[PDB]
Amino acid sequence: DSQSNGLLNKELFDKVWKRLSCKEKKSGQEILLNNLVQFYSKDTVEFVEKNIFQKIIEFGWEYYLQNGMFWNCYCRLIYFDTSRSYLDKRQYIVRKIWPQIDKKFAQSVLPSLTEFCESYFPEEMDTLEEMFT
Amino acid sequence: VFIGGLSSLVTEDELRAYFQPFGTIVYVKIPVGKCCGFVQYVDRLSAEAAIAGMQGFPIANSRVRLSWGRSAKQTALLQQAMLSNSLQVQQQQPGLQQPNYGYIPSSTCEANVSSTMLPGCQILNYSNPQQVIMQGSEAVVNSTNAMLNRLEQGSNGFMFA
Amino acid sequence: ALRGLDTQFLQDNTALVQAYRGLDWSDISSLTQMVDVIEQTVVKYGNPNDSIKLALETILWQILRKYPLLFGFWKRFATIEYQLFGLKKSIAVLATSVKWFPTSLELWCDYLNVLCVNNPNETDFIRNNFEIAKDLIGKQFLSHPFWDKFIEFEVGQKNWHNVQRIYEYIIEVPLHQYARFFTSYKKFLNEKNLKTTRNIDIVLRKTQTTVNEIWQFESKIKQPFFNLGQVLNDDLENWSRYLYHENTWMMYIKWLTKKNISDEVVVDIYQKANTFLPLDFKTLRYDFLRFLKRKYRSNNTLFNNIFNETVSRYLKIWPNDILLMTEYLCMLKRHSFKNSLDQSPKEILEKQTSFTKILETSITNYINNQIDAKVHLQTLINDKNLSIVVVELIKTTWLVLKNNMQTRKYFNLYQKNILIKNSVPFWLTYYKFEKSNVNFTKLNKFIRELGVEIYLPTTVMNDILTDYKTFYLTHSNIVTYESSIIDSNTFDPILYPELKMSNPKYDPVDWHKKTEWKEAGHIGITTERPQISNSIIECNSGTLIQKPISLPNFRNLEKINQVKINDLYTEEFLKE
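Residue numbers (the numbering used here), protein chains in the order written: chain A, 1 to 133; chain B, 1 to 161; chain C, 1 to 576.
Keep in mind that a hint or two might mislead.
Claimed, not checked - Derived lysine to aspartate or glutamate pairs resembling EDC-like cross-links, with alpha carbons at most 20 Å apart:
{"no.": "1", "chain 1": "C", "residue 1": "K351", "chain 2": "A", "residue 2": "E124"}
{"no.": "2", "chain 1": "C", "residue 1": "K206", "chain 2": "C", "residue 2": "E246"}
{"no.": "3", "chain 1": "C", "residue 1": "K374", "chain 2": "C", "residue 2": "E309"}
{"no.": "4", "chain 1": "C", "residue 1": "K295", "chain 2": "A", "residue 2": "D43"}
{"no.": "5", "chain 1": "B", "residue 1": "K34", "chain 2": "C", "residue 2": "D280"}
{"no.": "6", "chain 1": "A", "residue 1": "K103", "chain 2": "A", "residue 2": "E124"}
{"no.": "7", "chain 1": "C", "residue 1": "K514", "chain 2": "B", "residue 2": "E48"}
{"no.": "8", "chain 1": "C", "residue 1": "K75", "chain 2": "C", "residue 2": "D110"}
{"no.": "9", "chain 1": "A", "residue 1": "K96", "chain 2": "C", "residue 2": "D342"}
{"no.": "10", "chain 1": "A", "residue 1": "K50", "chain 2": "A", "residue 2": "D81"}
{"no.": "11", "chain 1": "C", "residue 1": "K206", "chain 2": "C", "residue 2": "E218"}
{"no.": "12", "chain 1": "C", "residue 1": "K402", "chain 2": "A", "residue 2": "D43"}
Since the hints were made in silico from the structure, they are not lab data.
Modelling step: build the complete structure from the supplied sequences, incorporating the hints.
Given below as structure tokens:
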């Protein structure tokens, strides 16, 4: 759909990943994630999910995992996909994403994640509260 | 700044959100029911940018008339002098104590600094309420960071202002 | 709310009933309705409540004395004066007497007995049970008085071992251990009790409050947590409350949450603080709202009803607050319309569409002014809080039902309505909707209209322009950009957001009758300036030499000493 690939270009995406990889020495991490989220299409969402969200998952960088804004941006990436249906995205967020975060990190992640939940999933707001207490 | 013609549906935080970007604000208050409010900036420059910027802008469907006004205690003194009709004398609002070198007027900060104090940079600023904090390079991050917060959170309804 | 003038009015009403020397039933009803309005307007501390109780008791008003003492003991927690007065009233009664007086005895035992100034209550209860032939009941209340930290525990203990000639120390070790424990407790307590009595005196200052003293004494009651504090800190905090302060209630609720006592106690203290605290505090009361949200998961039925009563009271007293409606709608869709992922998707979709229907009929009934008192939402909804109900409808249609045409239809419909046209969450949702589609035509038309037709806070307009610049640069190209430019408006999506960043009434498209000229150096103060009409200071001297210079024409010489000032602050505010 002529969706111009902004930060998903091999010249620019390498700069963005090279700044994301420094994790606390650099300054502007959440702004950079929060602009990488904004693609809203199935092909674009899949690339952004695989390259910065799955990869910072599997590297286990503790800065990003304890940070609430990382998980909030990932949920907001998936939820605003124009491709996925409602049951699909609610299924994905509650069933796939939210188990992955550690329970030691709950005191750091639950302020932001609640703020997602009450904004969009009031029905599942028990589940979240049950998962982390 | 005396803002007059307020719509009685507008709160103090909603009016702070209007008059925030013109400068750092010492205090914002709205008299109960009196259909007018006051905004006290730190600088004269900021206040004149406010009166030029928001003059007749409709804050909640009513056009707004901006002018110079006095404070709260000074207003109480003028009303008690207006009953007794005795003198009605005002006194002058305090000045900063010139010269100040760090301060660049009409400049705002939102939230370990090793500043070299070279001139283009902004060595000093007033903390938002009140204290004096040194601006850094990092603050242009923080404002942007907070900006995305009220684009998201205030969209859903968690701050109307 | 001239409460001293009300006290004089009540005093003159009582004095005119007393100086008419009859019943004065017109004046009695005037004084009684005055005391009713005074209690419903002000705190009713123990002196006026006791005076109204004395006047009513002399007017043979036994049941009405029982009720006004009930709302009076509601509006003095340390009222062992009113308890003792109530106990005397309780002592003389009919058939339900020996229960109802003893019910009030155990009530004052629950409400006042743990303070050092409670000894007349236990003495009166001992006198009542000693008037009865229940020596076991008097000895049981005596076993209660030995275990409590009071002032005169020693006199009570000696009177206990002297009054009980028949059964003094049948359990000696327990009685002496309780007496020595209460004596150590009174020894530790007498430090801060004496620090209180060496500061407490009405001298019109913080010493009248004993505020530092009462705060340090209560902080001493915070740390020594031997759970008698669960009775005693109330015996502290009520003694702190008699002479309302919000930080006291927050400390009290915080410590009761730390001890993990049963939630009905914490709800009771919350309802007491919700009644007694004056308006516009907003800080304990939002904390009670967030308390209900946390404790909801345990009970799921009782807390929803408390929450709805509370939010209704709040939207009546704080109608311009917007956050109450969002909290109401989230608790509404979390309780009343419960999904989960277990169920079949045909069942999950139905709850969402029913939520859409109650939202849309609620707004459609409010716009046409037809309030269905059956639906509680339409009772709550408001011309401040309407747009956020609309935003929940938009957000549910676009994101859950995934129905774009009905969403776009709703934006076109409710864009025009006066109540919600200048609304922040409506237009930030419009911005996220048109941002999720990529399209730039609606977004460029939006950031053009943010000054002229759309009136938002300057902070919100600054945010929309900065984020749309970052979005436009990252997501569009030079072809789309150079097509977006037409020079009849001089709109361009990269530079125009920068130029109009803080100027809300920016548009790009004889200059001495303008008010920018007339108050140029001095803002607010407008003066016509003398000026030369034909002025040659633009002309260079090489061209001025060519032909002879005309004489000057002038303008406004007469007005150099008249300056005029549009004093809105004196007229509209002081003169009102």
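Now for the hints, and whether the structure bears them out:
1. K351(C) <-> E124(A): 13 Å, holds
2. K206(C) <-> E246(C): At roughly 16 Å apart (the allowed maximum being 20 Å), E246(C) and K206(C) satisfy the hint.
3. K374(C) <-> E309(C): Given pair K374(C), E309(C) holds - Cα atoms ~15 Å apart, limit 20 Å.
4. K295(C) <-> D43(A): Cα-Cα ~42 Å, so violated.
5. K34(B) <-> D280(C): Given that 20 Å is the threshold and the Cα spacing comes to 17 Å, the pair holds.
6. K103(A) <-> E124(A): 18 Å, holds
7. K514(C) <-> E48(B): Satisfied, since the Cα-Cα distance of roughly 17 Å is no more than 20 Å.
8. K75(C) <-> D110(C): 16 Å, holds
9. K96(A) <-> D342(C): Holds, at about 15 Å.
10. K50(A) <-> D81(A): With a Cα-Cα distance of about 15 Å, the restraint between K50(A) and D81(A) holds, given a limit of 20 Å.
11. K206(C) <-> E218(C): Roughly 16 Å separates the two Cα atoms, so the pair holds.
12. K402(C) <-> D43(A): Status holds; Cα separation ~19 Å.
Hint check: a violation occurs at hint 4 only; the rest are consistent with the structure.
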